[PDB]
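> What follows is each chain in one-letter form.
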Amino acid sequence: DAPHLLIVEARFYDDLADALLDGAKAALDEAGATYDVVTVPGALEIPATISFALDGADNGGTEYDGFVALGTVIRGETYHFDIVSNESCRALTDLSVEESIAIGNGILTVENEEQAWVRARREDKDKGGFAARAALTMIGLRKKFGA
Amino acid sequence: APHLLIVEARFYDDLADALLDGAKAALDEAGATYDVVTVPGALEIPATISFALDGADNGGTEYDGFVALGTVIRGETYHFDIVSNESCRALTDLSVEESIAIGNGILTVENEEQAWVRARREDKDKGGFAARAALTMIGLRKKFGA
Amino acid sequence: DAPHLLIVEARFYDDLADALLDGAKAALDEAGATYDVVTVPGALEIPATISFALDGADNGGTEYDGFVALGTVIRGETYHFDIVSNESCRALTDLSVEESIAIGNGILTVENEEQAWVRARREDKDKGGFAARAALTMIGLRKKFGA
Amino acid sequence: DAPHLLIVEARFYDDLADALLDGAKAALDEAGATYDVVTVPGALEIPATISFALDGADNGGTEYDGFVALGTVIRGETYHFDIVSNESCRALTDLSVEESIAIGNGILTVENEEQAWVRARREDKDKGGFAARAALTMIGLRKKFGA
Amino acid sequence: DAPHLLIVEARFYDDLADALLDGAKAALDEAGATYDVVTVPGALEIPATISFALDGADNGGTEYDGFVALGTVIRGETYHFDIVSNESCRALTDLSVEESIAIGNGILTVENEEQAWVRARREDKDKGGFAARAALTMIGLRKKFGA
Ligand SMILES: O=c1[nH]c(NC[C@H](O)[C@H](O)[C@H](O)CO)c([N+](=O)[O-])c(=O)[nH]1
Ligand SMILES: O=c1[nH]c(NC[C@H](O)[C@H](O)[C@H](O)CO)c([N+](=O)[O-])c(=O)[nH]1
Ligand SMILES: O=c1[nH]c(NC[C@H](O)[C@H](O)[C@H](O)CO)c([N+](=O)[O-])c(=O)[nH]1
Ligand SMILES: O=c1[nH]c(NC[C@H](O)[C@H](O)[C@H](O)CO)c([N+](=O)[O-])c(=O)[nH]1
Ligand SMILES: O=c1[nH]c(NC[C@H](O)[C@H](O)[C@H](O)CO)c([N+](=O)[O-])c(=O)[nH]1
Ligand SMILES: [Ca+2]
Ligand SMILES: [Ca+2]
Ligand SMILES: [Ca+2]
Ligand SMILES: [Ca+2]
Ligand SMILES: [Ca+2]
Ligand SMILES: [Ca+2]
Numbered sequence: 011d012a013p014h015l016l017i018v019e020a021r022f023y024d025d026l027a028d029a030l031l032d033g034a035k036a037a038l039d040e041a042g043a044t045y046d047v048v049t050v051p052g053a054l055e056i057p058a059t060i061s062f063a064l065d066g067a068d069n070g071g072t073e074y075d076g077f078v079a080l081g082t083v084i085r086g087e088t089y090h091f092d093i094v095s096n097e098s099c100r101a102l103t104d105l106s107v108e109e110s111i112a113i114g115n116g117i118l119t120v121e122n123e124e125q126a127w128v129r130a131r132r133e134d135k136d137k138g139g140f141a142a143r144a145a146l147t148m149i150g151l152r153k154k155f156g157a
Numbered sequence: 012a013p014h015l016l017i018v019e020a021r022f023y024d025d026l027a028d029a030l031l032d033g034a035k036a037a038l039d040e041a042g043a044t045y046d047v048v049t050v051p052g053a054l055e056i057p058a059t060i061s062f063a064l065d066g067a068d069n070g071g072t073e074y075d076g077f078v079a080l081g082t083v084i085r086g087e088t089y090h091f092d093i094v095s096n097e098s099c100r101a102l103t104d105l106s107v108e109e110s111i112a113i114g115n116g117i118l119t120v121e122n123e124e125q126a127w128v129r130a131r132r133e134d135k136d137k138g139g140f141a142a143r144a145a146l147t148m149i150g151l152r153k154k155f156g157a
Numbered sequence: 011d012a013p014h015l016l017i018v019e020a021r022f023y024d025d026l027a028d029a030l031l032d033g034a035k036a037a038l039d040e041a042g043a044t045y046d047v048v049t050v051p052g053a054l055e056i057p058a059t060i061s062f063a064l065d066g067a068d069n070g071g072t073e074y075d076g077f078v079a080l081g082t083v084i085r086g087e088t089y090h091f092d093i094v095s096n097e098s099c100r101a102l103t104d105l106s107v108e109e110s111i112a113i114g115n116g117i118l119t120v121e122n123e124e125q126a127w128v129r130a131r132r133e134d135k136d137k138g139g140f141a142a143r144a145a146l147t148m149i150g151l152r153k154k155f156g157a
Numbered sequence: 011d012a013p014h015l016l017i018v019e020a021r022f023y024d025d026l027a028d029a030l031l032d033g034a035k036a037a038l039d040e041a042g043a044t045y046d047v048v049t050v051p052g053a054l055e056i057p058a059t060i061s062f063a064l065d066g067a068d069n070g071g072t073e074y075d076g077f078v079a080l081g082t083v084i085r086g087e088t089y090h091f092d093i094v095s096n097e098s099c100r101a102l103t104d105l106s107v108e109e110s111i112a113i114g115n116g117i118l119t120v121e122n123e124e125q126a127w128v129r130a131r132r133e134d135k136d137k138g139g140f141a142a143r144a145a146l147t148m149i150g151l152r153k154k155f156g157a
Numbered sequence: 011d012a013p014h015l016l017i018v019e020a021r022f023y024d025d026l027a028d029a030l031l032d033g034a035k036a037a038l039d040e041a042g043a044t045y046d047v048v049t050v051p052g053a054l055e056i057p058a059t060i061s062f063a064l065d066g067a068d069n070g071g072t073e074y075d076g077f078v079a080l081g082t083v084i085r086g087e088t089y090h091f092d093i094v095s096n097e098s099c100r101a102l103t104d105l106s107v108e109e110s111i112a113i114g115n116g117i118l119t120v121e122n123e124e125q126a127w128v129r130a131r132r133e134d135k136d137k138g139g140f141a142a143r144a145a146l147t148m149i150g151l152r153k154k155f156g157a
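Protein chains in written order, with UniProt numbering: chain A, 11 to 157; chain B, 12 to 157; chain C, 11 to 157; chain D, 11 to 157; chain E, 11 to 157.
Be aware that one or more of the hints could be misleading.
As the list claims (entries may be wrong) - Using 30 angstroms as the maximum straight-line C-alpha spacing, the simulated BS3-like pairs for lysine-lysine come out as follows:
| hint | chain 1 | residue 1 | chain 2 | residue 2 |
| --- | --- | --- | --- | --- |
| 1 | D | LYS35 | E | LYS154 |
| 2 | D | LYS154 | A | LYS35 |
| 3 | D | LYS153 | A | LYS35 |
| 4 | A | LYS154 | B | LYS35 |
| 5 | B | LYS135 | A | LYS154 |
| 6 | E | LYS35 | D | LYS35 |
| 7 | E | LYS35 | E | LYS153 |
| 8 | C | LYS153 | C | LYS135 |
| 9 | E | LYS135 | C | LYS154 |
| 10 | E | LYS35 | C | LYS154 |
| 11 | E | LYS135 | E | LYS35 |
| 12 | C | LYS35 | B | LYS154 |
| 13 | D | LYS153 | E | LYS35 |
| 14 | E | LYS35 | C | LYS153 |
| 15 | A | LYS35 | A | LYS153 |
| 16 | B | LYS35 | A | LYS153 |
| 17 | B | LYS154 | C | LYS153 |
| 18 | D | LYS154 | A | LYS153 |
| 19 | D | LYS153 | D | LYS135 |
| 20 | B | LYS135 | B | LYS153 |
| 21 | B | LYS153 | C | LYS35 |
What the hints contain is simulated information worked out from the structure, not anything from laboratory work.
The whole structure should be built from the sequences, with the hints applied where relevant.
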């Protein structure tokens, strides 16, 4: 009946991860939507994890109506920051189009822990909740179009 | 009369209005018809056009072209580049992979001022520029019997 | 028989557009090649147009031997420059491979209009003729190889 | 049956290569997982090798449960850094999705030799192990989804 | 029957291209492998050329064991440097994966004509030879895997 989504969380920085999740679940809960939660090491494996979910469903496995990506990448002194940020979001967008699925992108790309918390906190900019909401929104348009 | 789909990313509500207004005028003056759909941010614009095509293949509404409306203003974070890059890159592939006409109206500005100068019909009117561009692309698709 | 090209020009800066177009027709003429010219608003729609041509060809429409993409992107005070430059040249390179076609890349991406005219003018760097000639060489290779 | 991983190392900086390889084999061994180590000249050939491996598996060859990519790019005076770092990482992420395979990403992308050692040492950041571990986690998730 | 490679060179800067090709041929003679040499105008038309080579082999043409890509891009004032460098290599990297072929990437991406010479010359950094040996090595890994 109600939409059932998969929340794929890249758990690199534990505390912030809990923040994004707190808001994510909140939004889904309010909307009366259910979900499952899978934890991955870094934002880089988020797109492959959703890929895994798709293949499973095509084997009689759980079928999800939408996904929500949660993660945080903080700018240090190494170029790695761009790469982890670019590849995760790049592969995530290609995925939403090529597989025609509803994806809410909640992967932060800030310069420091300061900025992260302002966006991570639910009582603040609650980006985790904004991502869950977007996913719900997309789940809606997907139906409205007959996709 | 061509019937397009305007997919607007409503992040900055006021600028969104500026662009939409801009785009709706270019099509009206063209006698073109359209439908408007709203997504939270520029990142879901491409998957939305993808949904449109899918719904069509299933007897759904058939669109002659699409107009993409959106705005990304650089903050203090690198998020600006990501949203900009990915929404535009994906949108480009799509036009090619599905052979569809798309008017790219996704602003990639540094500050709110640049955002207002391109989003205003009275100014650069990049909202209407994308509508016309899409109309033009629609015409080409036909002339090539694609 | 002589090759028949499709010149896909992005006409954003009319005056520079003519510079490139003049240098491209010049080269093509000088080598006995014939062509068709199509106009698009910005460099972003260049690939899609070659895509339309490719679909049309598969529907009895004209069959082209090669393509000559001509365009110009001048950096502003906005990141939009990077995007137009990036996506137009990324989609093209892609198209030449995915479809195995001959394409001359004549899309300028300069810092200012001063530099624009240097690469656009046939009396100068004549990038229109260089991109045009390129397509001819590729059309040739495409044959020597058997594809 | 413990997983069998394929360690694919780009050995450009011989010493750093050893540090990462050391950290990778450490994590896998603790996990009780077996593996094979194949060497390539640079991060650019890492993804194409994993490709070679999947092809062999489809031809009765060895079948790996997951992959571990190890490499290192230190920025110098050339833009080559950007390229080597970007392409190697991008193709490696597409592959994880297109092919739906577990891939730990241990390719270092740093500004200098200092940052390189901080990250390639098992005694320190231990990126080599973090990668192997990531590959292991993905292998479990893959099975959990029955993908 | 030794391995037959295809050297695809972008002859933009005639002298640097000579240096590069020289280092490449040498490394192949010494490894005792044969090869053909095809010439293109810019690094941008290298990936398409290899593509042409593959489709030809599917139409009964010469079947190559690997490919060596040679080219040099020097940073001017224009953003064109970024594009030529990025696209050539991106298209090259993906091609190798998508087609599972052995490719040696020898496209130099430098800041000035002096950096290029230290890399181009065989009596120096010998990138041209380095690239050839890569193609050989990959041709080797491609076999050991049964790809
Ligand atoms: O989600 C993140 N993952 C990170 N790890 C990179 C990658 O996501 C994987 O964990 C690992 O590289 C191998 O897959 C980060 N940094 O390294 O800085 C980061 O800031 N954020
Ligand atoms: O269109 C925009 N969307 C934005 N949101 C990001 C993305 O478009 C999605 O809304 C959401 O991230 C996941 O669905 C922006 N910022 O965050 O800054 C922005 O400037 N512009
Ligand atoms: O060819 C160009 N098109 C441009 N327009 C962008 C795009 O090519 C399309 O015309 C339109 O955006 C919607 O399709 C440019 N700028 O905006 O600066 C530019 O410099 N060059
Ligand atoms: O793995 C690396 N390979 C490198 N070589 C480039 C490429 O990986 C291949 O070795 C070769 O270019 C042809 O395939 C590097 N640099 O040049 O700096 C580097 O830092 N790291
Ligand atoms: O291989 C190169 N090609 C170049 N031309 C770009 C491209 O490779 C094609 O020659 C042409 O653009 C049309 O195909 C270069 N510059 O312009 O500077 C360069 O330095 N190196
Ligand atoms: Ca199912
Ligand atoms: Ca229909
Ligand atoms: Ca001002
Ligand atoms: Ca004009
Ligand atoms: Ca098997
Ligand atoms: Ca220090």
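> Just pull the numbers of the violated hints for me, sorted ascending.
Numbers 5, 6, 9, 13 - these are the hints that the structure violates, sorted from lowest upward.
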